[PDB]
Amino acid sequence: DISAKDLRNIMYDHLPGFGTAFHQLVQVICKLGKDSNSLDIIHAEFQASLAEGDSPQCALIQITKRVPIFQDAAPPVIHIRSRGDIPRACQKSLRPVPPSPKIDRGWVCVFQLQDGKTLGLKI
């Protein structure tokens, strides 16, 4: 068994840079994983992908496609006070949110400002 915090840190230590869309995806993956008791399945898939020589980024995409909790799942809403609260290497990946975004199509999360404005983070 692995905790959410421990798994996030393992995943973060494989990712280039900081505050990228993949860093946000790690947080999303680990929260949904925790809530669905999928953390060990997720961890196993991550390790196996690395073992096969896949990039960490590739491994995270594959998790959203292969682990059941993410299949046909909507991105979580993340409430923020301002655009400045969005991770610092994600700003160019924001788009208006479509009617039915799916995590397995690259919609990581939906940021929601205090006036209710939303911005979708897309890989």
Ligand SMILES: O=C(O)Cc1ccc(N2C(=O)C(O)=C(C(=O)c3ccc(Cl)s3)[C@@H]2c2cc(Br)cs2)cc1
Given for the second form:
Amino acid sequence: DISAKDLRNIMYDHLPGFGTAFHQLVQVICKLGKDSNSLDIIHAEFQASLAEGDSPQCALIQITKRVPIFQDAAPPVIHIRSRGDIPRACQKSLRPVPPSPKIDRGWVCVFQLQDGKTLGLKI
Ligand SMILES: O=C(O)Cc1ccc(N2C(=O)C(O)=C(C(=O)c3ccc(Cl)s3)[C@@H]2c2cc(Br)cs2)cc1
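Right, and the form deposited with this ligand bound of this protein, after the form solved without this ligand?
Complete assembly follows, chain above in first position.
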């Protein structure tokens, strides 16, 4: 039975670079997937997209569109001290939070900073 960590490493293994917006999307898919006992369907969708010839990035997006727990779901909020705690490769993908952000429209997560500032991570 695949764990979140294992699924994470599996997806990380398919991604170029480190600490990119897609890496954080993996973190989010795995955490929300674990909480909803869906690590198995998520792994299978991911593998099936690759087998279709989709890029891993495309496959991760397909998950957010085809696995039921992400459809119409708001991005998770993640409390961090400062903006520096966010990975360098993610810094340019940070945006003001729109009124109704959705994971299946590219909003991976919302970072809530200590002093009240918020930033969404966009793909
Ligand atoms: O394996 C599990 O039990 C599920 C799981 C638990 C925590 C994590 N995370 C961590 O332990 C951790 O450091 C995660 C993370 O994405 C980040 C933390 C700080 C910045 Cl900056 S990004 C990351 C999080 C994902 C979400 Br949604 C909220 S926290 C990931 C998966």
